[PDB]
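The chain that follows stands alone, in the form deposited in one PDB entry, written as structure tokens.
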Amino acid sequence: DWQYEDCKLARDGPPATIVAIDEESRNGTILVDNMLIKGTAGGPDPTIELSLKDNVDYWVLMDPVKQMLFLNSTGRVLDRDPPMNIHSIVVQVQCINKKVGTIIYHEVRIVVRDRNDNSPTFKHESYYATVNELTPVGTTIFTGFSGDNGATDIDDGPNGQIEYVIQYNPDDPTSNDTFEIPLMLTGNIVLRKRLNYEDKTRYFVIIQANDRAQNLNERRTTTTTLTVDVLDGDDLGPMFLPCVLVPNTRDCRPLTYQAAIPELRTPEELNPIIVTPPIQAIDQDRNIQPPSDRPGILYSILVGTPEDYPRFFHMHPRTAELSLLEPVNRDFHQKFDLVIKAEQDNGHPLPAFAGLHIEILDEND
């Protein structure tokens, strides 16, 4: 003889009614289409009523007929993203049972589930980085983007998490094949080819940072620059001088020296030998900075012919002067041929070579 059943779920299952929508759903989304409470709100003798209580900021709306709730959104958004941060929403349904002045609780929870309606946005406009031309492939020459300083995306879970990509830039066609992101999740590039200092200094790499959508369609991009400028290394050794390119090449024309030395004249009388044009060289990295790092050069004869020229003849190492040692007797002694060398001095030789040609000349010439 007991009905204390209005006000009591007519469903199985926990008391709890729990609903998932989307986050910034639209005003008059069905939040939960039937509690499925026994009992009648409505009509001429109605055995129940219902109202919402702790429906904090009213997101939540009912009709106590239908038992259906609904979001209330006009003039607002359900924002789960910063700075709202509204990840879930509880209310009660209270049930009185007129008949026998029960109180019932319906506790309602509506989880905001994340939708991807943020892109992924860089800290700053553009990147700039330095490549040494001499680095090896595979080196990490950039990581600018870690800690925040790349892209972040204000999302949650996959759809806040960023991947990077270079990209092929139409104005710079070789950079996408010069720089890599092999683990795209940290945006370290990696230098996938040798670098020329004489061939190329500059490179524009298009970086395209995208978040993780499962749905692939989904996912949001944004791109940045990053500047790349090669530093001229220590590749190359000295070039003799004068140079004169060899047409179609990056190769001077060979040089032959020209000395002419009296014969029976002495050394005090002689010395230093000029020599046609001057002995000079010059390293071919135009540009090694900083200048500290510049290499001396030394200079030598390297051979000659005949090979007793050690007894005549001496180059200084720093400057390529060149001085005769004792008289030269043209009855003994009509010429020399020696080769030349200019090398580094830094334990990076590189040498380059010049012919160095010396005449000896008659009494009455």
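For clarity, a rigid core is taken as the largest C-alpha set superposing within 1.5 Å between two forms. Positions refer to the first chain, counted from 1. First, how it differs from the form deposited in another entry.
With the two forms fitted on their core, the C-alpha shifts between these two forms stay under 2 Å for all of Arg202, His124, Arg113, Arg286 except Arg286.
In the core-superposed comparison between these two forms, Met68 has its Cα shifted by less than 2 Å.
Once you line up the core between these two forms, the Cα of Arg11 stays within less than 2 Å of where it was.
When two forms of a protein are overlaid on their rigid core, residues whose CA moves 2 Å or more are considered shifted, and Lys38 is not one of them between these two forms.
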Contents of the next structure:
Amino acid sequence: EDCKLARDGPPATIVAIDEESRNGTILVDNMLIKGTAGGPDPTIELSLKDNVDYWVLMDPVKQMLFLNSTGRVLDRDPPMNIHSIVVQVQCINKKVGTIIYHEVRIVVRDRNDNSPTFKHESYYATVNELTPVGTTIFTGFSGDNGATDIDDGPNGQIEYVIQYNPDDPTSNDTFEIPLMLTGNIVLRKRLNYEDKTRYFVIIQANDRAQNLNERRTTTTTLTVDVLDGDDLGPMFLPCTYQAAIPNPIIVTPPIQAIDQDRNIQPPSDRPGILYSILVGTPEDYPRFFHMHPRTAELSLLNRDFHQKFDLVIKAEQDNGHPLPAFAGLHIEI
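Moving on from the form deposited in one PDB entry, kindly provide the form deposited in another entry as a structure.
A lone chain is what you will see next.
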């Protein structure tokens, strides 16, 4: 009869304990095994079996199991991955000679003992100033190239969240993370490179433990650089061109324009200027004037018929963004 379970219920003893419990922690009150080990005339014999690196010790009389973790650590996490522990409690019957193995399964439960950690020390993005609000401009926290958390379940999920930068109070306002779980940054305000070209964006990763009081965090700075877009065309220099006649025709000062965006990258994209005449009076002006369209050099083609010509000059960009600039030119005879 003895050496079989005294309790009702199923024939494994299943129990659970928080990971990171310390030496001596009870694991089973009372196995509750019909019979009595020890005393003067013991009726059963108990011992442990498949107890590797003796994580369990036993008190055969009270039939009670303790953890045995001195010096070592009961870590459910990488790199230990101790999720359960199974051991067997071989009982021998001293009369009848019966030998049973009582299984004891011990379920270690993750705790939120680990914080998020970012793979990189800092992160970094760029964004052309023409980007519309709504645009995702950064996705570097995917690929597990962002924060990680060694813990399991929600103890191991990240929500990313922008934080106020006291050394850049504008950063806060100019970007967001609509989806906390992705941690994609999204442009929230329009930009003028001309005004401000860099943003320091603190992002705070945080795990998602149920008890909000058990929730670890990290932060990182994301440096974001604004890129000069082509939103402006040329401008003449020096910042009404004058000519005279009774060749090529000398023009004071000399017609020169330049793109107004002053830091296009790469230079490969820096466009060129095309000069034309646009309108003029007397209206027969085309009879007498061409202008070379990449250098603005006066082709000439009658004092008492025409005292003077007054023209107006276009310069525009040569990349299907004319964004054109204008300047007069007077010409006496």
